[PDB]
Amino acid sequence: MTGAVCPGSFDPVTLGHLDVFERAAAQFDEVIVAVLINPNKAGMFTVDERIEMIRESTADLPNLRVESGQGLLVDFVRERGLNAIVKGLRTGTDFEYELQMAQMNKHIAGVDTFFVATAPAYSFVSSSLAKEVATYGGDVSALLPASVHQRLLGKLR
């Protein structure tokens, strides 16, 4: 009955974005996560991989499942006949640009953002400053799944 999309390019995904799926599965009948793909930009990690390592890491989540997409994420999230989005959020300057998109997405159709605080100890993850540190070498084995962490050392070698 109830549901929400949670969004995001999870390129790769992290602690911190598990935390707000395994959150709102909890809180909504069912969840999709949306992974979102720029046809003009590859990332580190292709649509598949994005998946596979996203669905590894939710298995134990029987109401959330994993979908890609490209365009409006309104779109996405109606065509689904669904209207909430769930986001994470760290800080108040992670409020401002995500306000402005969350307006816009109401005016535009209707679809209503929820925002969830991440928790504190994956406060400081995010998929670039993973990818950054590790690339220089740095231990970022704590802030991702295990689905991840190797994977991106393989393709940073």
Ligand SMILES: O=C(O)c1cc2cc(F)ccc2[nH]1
Contents of the next structure:
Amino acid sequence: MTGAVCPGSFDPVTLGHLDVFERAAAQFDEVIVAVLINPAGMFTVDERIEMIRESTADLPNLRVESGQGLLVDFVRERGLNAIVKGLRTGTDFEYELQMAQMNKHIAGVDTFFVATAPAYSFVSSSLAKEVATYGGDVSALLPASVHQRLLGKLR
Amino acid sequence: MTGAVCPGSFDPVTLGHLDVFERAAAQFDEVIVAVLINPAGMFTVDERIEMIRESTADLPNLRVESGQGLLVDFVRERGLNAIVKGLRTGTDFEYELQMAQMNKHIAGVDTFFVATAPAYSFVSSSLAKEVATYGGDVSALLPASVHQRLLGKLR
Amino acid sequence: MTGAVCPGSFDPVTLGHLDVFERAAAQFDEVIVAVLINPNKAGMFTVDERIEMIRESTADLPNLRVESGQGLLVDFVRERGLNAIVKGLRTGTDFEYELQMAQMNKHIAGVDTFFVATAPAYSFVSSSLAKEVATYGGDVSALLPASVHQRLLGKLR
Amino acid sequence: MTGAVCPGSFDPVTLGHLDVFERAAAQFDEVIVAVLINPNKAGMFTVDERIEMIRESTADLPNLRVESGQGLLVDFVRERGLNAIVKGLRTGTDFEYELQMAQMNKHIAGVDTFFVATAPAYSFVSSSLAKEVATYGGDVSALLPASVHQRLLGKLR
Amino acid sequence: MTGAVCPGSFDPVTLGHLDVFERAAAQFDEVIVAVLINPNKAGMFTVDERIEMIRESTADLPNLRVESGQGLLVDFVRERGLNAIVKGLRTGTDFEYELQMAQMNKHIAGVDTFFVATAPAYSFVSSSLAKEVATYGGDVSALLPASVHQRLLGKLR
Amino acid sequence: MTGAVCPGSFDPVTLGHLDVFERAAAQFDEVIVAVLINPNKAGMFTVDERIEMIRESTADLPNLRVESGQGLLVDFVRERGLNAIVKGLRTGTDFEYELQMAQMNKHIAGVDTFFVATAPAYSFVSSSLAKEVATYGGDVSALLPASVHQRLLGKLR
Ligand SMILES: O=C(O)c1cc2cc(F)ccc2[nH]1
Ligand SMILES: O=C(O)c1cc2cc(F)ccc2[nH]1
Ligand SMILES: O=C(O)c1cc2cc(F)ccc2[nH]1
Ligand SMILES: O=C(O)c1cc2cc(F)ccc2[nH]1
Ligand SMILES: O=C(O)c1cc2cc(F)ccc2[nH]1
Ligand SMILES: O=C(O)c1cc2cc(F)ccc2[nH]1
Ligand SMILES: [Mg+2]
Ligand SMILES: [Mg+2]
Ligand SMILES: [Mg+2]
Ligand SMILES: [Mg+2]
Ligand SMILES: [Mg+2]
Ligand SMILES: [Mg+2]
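Given the form solved without the named molecule above, produce the structure of the same protein in the form solved in complex with the named molecule.
Complete assembly follows, chain above in first position.
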């Protein structure tokens, strides 16, 4: 009965996030995507959850839930003690390293990092929103569903 | 039926390696420690395997095997497609990132990185050997068994 | 024929920026310094002040011109018939964040980015740190062109 | 008579800070801990509370004293007859913004900066992360001096 | 007439190298690929084989030519009337040893270095890792030009 | 009372090293430059040559002395009644490798390590790169003390 939690804001979910979800779902029996409620973003929590659910329909062992507060409490309250996070740079590793060590210290929760697929090395929710705001084409970087929803928030 | 391979030379295995093994064994159903045969080291392959087996007796779902050649072939020939590796720095992440992306490309094998326990952040097989060679006390950094064997190779 | 764009907010321009401008001007037929203006947040200097400070310290570069813009950098570049950006870099961390933006710029518009290592003497000046040091009275006269230093002190007083 | 200044906001002081203070006091005749007063961002503890938490935690360091200050750090250092800063570091990224600042401080005032690696056990603690964890009920008592932990529980009630 | 030199051992040339060559040839009037001859470490391919592999892969770049050389790179560059080097980069660490070399080359000979980010798809390929993977039977054909892959299979037999 | 050890192979000493020596000598009562000799691999310069080059360029530092040693640095430090190492750092990568050794040194012997950022003008000189550039004829006269440069050229000829 293995399992891991994939946390983030996912505003919106990108193909880089989806790649991490698919890799986590292939290596753990149960994956929970943890969508942070952090009350300034573009999509509401419900919209973010729906976009992730739409993009993960081919992953039978993955579910999507929202939460607040300490990630380690979210993880432990579901009987798990592993986090799976995607990583792009060594700079990414250092700040995430501090949080991983803190999370292990306070709750015994482990963090596994997975390297980003090369094709999504430069994709982030924030950069995709910013580029699309000025009319740049990000359709190759986002799930097809997410892309239409993004066009709608801008127009 | 989840599983991961933890590769290295382990010459000798340190408490930093053991920490990674224990974390992998807690999150995957099956863990295989892959001891590289790379024919200049201090211990023979058989001695390295025995030291790891001695230090992992409390991990029922972990076994230790030797191998050569492409790590991805070792992994795939055992029905698995995940590697678990310990990481200390962002510099660690960058060279290991290149190998992880190559391994995914050529064999579909994924790599999960886990941050080192803070207490073992500075321990490496090479630095422990070098310090012990000049008489420094590394007993707090190595499994109790390994420590005696190391004293024997030097004296 | 060849050309590159050197972008930044240049609020104000530093000697590190000027070094980059001079290196780009020596290697490309034309260089455009693109002064980024945020229509929502004013900097310390207005657009005309930023441009004046750059022009005064680049008068010896005949193939360099200065223009302002906003929004997507790759549109500024392509509308001028060019497809190269030149940017200065001080460290490995600068390289990772700038890396993301360079790969996005090539993906969305085919525009290439060339990075050049700062001259050592200017490794540590940034517009933001020069402003913060000067705000609390530190001497930054050797890090800014003559066209900048006293205008900066006047803004602060 | 040698000496160094250890600057920070210390809101609150952590065991990582204390480890740096102890190592500085062991190697310099005089150490001054400089507590930054920022008239903008007012943190969780007042400057007086922060000074008292540091004094309790450093009671066994006779050559270390605690003072508050404002503005340019190198002015604080030189006003006390010193020309050295001692700061703790955790990562290579830490070394990057801090290296820019150290070179700037050497350039503008001739003040030197010595960096020391955090003890491994305290490498993941920071004032900000400790407060955030404690706000949501996590146990950070192994990462803070005993008296800080008591005061921090009070501020959260 | 602008120009730049693209140096390396290219043993063998990869698609990451080729991407850099194409971007340099698009932005400079003349590009010289400089193939290093090292009388000590003799790699897998002779210098002539390496030049021919590059020429096959760059047949559509008319302003790019391939030459071999030895010793100090900045002497090779200045002997050809140029003063710019173009190199591809992958990581922040890459930027570190390469930044030291670029500053040294600027200091000793006035030669500038422009760095370009690898295309994402080729960011994990290197000559050395490709050879190692191919030696043990891994498939690196998507990472090398077609003619390189054929020659590399031959050397392994 | 206070003191620090500045270790290295100094084969040969550079102006970056001398900058570190001067900064340590201004902040500690005594400084010992510890010249590391590998009894198994000779460097370019013998131990007496390395020491002579350092002494000639540190004659204005009355509280600095030069001694050779081998093996564990922490034994050299402790046998002299000291427990501080001072080392220069150029980049974030330098900080990670040196980090490992500083934490091991504190673990096995209680010896602290203080790092100081190189002066910008010497950010890019290393003994190894100066030797390699000089080997192929490049001009490194401005990166080495007078006590070194012509002795280096003589070794190479
Ligand atoms: O990044 C975090 O701190 C975080 C993300 C998150 C998601 C949840 F669903 C609950 C708590 C969280 N904390
Ligand atoms: O690091 C490697 O390349 C490697 C380690 C290893 C261990 C094995 F058992 C087999 C192949 C390997 N390759
Ligand atoms: O950094 C940018 O995104 C940017 C800089 C810039 C300068 C211009 F003139 C126009 C658009 C820009 N965008
Ligand atoms: O980091 C700073 O800018 C800073 C810290 C500090 C502390 C003092 F007590 C006085 C000035 C300061 N400046
Ligand atoms: O990297 C170098 O040192 C180097 C590469 C190279 C290529 C040439 F053709 C000539 C000299 C070189 N030096
Ligand atoms: O870098 C070292 O390990 C080292 C430097 C050194 C210098 C001495 F004089 C003695 C031992 C040393 N060890
Ligand atoms: Mg993102
Ligand atoms: Mg190791
Ligand atoms: Mg700037
Ligand atoms: Mg802190
Ligand atoms: Mg290569
Ligand atoms: Mg050196």
